[PDB]
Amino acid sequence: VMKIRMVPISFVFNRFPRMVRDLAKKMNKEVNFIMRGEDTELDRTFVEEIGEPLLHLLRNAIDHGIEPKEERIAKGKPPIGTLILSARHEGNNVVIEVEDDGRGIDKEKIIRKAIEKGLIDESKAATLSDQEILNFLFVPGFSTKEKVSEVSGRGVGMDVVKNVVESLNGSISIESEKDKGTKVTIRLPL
């Protein structure tokens, strides 16, 4: 129409609490799930396809993000991990993000695999801002772990999220730091 419907993101959110409660037990990892800005509004269109994205994001964080208990106090922190999902008003843009206080992705290691395959050389590397070094997992086929047979019929390249985000004219950023955690943003229009 010529009048799009804005709805609270509250709707797409209230669903996660329970799935996080499952992925938590499923992986035996008590995760303290926290949701903020639940009263933000976003186009009814976005709302629909926006569930899987954030979902995958929570999925990674609860699986790969949070670590088990002494690995945490041994690292120096609370036994219980914290997964924070949020969304506010930034200009005319709805900024959503999934912060976890995780283990976090390691940026030089990526280069070790991104280089052990050639999308960059030694020299470039020194010009890749932390952002660019991470944008790499956006590359279709970037994790070359799964490939020969253990290639299970399904999956979702972290690009389907840059797809679901790009089908939407969205933009995602990734900020990590070894053993502190990982913060992934998804800036959207309207």
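Only residues modelled in both forms are compared. Between two forms, the rigid core is the largest collection of C-alphas that superpose within 1.5 Å. Positions refer to the first chain, counted from 1. Compared with the form deposited in another entry:
For the residue set 47, 139, 128, 27, core-aligned C-alpha shifts between the two forms reach 2 angstroms or more at a single site, 128.
After superposition on the rigid core, the stretches of at least three consecutive residues with Cα shifts of 2 Å or more between the two forms are 121 to 129, 155 to 157.
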Second form
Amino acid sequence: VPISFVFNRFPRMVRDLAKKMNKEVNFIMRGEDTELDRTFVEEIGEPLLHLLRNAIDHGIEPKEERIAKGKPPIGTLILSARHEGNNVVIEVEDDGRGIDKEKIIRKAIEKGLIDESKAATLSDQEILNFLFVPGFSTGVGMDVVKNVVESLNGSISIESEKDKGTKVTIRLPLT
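The form deposited in one PDB entry done, now the form deposited in another entry:
So it's only the chain below, everything else dropped.
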């Protein structure tokens, strides 16, 4: 199917979540005509909704806070799909507050998953990969998202920078 069968539900959900969280959001969808196997289309909606909720709740800052930090007042959330080879790549990008990598490390230390000595040389991808540890952040856990994607033989990655925003990328096979 076109992925629009899933993506067409999102403007309403984003607008309802934005209203609930009293938060202003500029929501853009691109690549909605990207086609993929019906199995994927039936299963990818749930993980994507979790990602979009997380971006609206934890990422995008209130307008007053963005203005105070010198950002464009209204936060932007971009959901896109495209073909890459025989795979389909779906991205959810926000220009919010980003993920605090220092906080991740502190939490990882507190949970006994690493010591201070080793945290000093971790890469960015290594740090962000703690988010996929079951119960790490415990509120949509990145573990739960990843478990669905993996059930579709897909892969997920996260990139993020404090004050800049977050991009989550999902790659799915043709199957």
